[PDB]
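Heads up, the chain below is alone and in the form deposited in one PDB entry; it's given as structure tokens.
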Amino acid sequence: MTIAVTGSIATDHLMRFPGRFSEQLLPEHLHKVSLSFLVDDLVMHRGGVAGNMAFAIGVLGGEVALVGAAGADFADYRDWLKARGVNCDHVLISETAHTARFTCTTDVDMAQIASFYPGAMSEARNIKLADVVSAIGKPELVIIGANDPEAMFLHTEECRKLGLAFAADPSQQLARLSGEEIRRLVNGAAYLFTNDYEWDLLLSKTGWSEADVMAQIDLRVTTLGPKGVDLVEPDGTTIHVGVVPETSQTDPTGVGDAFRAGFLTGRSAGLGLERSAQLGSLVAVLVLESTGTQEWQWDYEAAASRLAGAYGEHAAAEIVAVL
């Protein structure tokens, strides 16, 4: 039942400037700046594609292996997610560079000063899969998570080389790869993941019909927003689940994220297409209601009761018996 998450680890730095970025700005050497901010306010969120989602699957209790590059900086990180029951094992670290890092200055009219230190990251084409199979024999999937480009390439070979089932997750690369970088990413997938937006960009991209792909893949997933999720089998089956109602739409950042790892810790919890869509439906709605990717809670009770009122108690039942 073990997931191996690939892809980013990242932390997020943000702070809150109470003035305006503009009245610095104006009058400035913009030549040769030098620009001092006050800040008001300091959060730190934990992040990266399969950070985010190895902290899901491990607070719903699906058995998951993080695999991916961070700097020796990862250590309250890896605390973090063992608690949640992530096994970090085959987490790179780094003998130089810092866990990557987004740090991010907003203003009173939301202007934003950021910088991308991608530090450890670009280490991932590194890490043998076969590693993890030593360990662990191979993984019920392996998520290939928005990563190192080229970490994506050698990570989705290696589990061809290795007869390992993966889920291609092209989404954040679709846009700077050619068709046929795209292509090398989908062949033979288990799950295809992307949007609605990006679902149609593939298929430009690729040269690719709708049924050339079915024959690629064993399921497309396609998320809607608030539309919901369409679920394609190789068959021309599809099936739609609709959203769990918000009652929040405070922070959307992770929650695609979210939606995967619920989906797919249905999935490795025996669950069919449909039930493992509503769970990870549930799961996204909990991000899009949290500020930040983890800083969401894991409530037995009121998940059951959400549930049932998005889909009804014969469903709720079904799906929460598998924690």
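Numbering follows the first chain given and starts at 1. For clarity, a rigid core is taken as the largest C-alpha set superposing within 1.5 Å between two forms. What changes on going to the form deposited in another entry:
- Of the residues 122, 250, 103, 187, exactly one exceeds or equals a 2 Å C-alpha shift between the two forms once the rigid core is aligned, and that residue is 103.
- Here residue 34 counts as shifted, since its C-alpha moves by at least 2 Å between the two forms after the core is aligned.
- Shown in the overlay between the two forms, fitted on the rigid core, is a CA shift at residue 205 of 2 Å or greater.
- Comparing the forms between the two forms on their rigid core, the Cα displacement of residue 304 stays under 2 Å.
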The other form holds:
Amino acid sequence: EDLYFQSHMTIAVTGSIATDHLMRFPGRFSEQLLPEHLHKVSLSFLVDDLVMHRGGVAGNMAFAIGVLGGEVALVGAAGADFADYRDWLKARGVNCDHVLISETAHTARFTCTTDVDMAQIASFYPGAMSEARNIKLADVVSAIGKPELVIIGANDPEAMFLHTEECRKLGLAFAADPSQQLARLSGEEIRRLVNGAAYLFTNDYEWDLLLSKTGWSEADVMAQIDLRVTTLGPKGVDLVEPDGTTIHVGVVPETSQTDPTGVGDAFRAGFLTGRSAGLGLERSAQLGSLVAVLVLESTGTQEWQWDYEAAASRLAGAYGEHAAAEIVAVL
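How about the form deposited in another entry, since we already have the form deposited in one PDB entry?
Left out here are the partners and the other molecules; the chain alone remains.
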């Protein structure tokens, strides 16, 4: 129980800040991946496209919360080049005061290849991200008050745990969102990010990976968190309570599958924005699913637009008139 003043109703987004290089492979990764050679892959994809966009899970989530009108602070480490990216985020209402700017290292670089089925294979070079372990959430809280929620996104692995530990000692609600880092983190490293989480967000592959590496059963996890949110690709999203009462929300149907980078980030930002505005779980995931498909339909993670009238119409189309009106009249 923390006695410091409430920031109300700020979300602090911790996680990576990067430049994304996105490329397309005009074939199927699946069609390359012989089950008997998966022991030691040797894969090389000739790509037909290369474009650069602003990225990082924390930049992506902060951007979307800001577009949706939310109060949001971005907390992460970037290189000296961050000034321009800061202007882009500030233009959508993102508070960038607490971004650590490295004196010597470069903003992180994500290099990603997407195939015809929206499968993705990517590397992430941390650069200045590694200095996120030097950021103190206590100093952020000192300046802006207690956030209603701290999102713990993929980050410098040590920073992910330090931030989570700080939330636990400061009594801040947090969302465990280790998604993009699950590959790098040991089972021990994953296990220590989970206990006491207000929300755990993953996709279903990531959920299997988590359980696979933690040695946990679903029951072991559900006993430690307030809510599991597991996106299911074209099958929508499951929201599961410790009970486990399950609410399911199907996707908003896409007009294209352009580029799936940042779709999870957008779902999380829309959903949490919904939750912050007092919408229930079903309605929050419906708003999330819309921001998600808007990202899927654009190239890059922050290259989507927010048209209030177009949103209501689409929400109506997929979820009906009640959902649409409840959502739009919360924004």
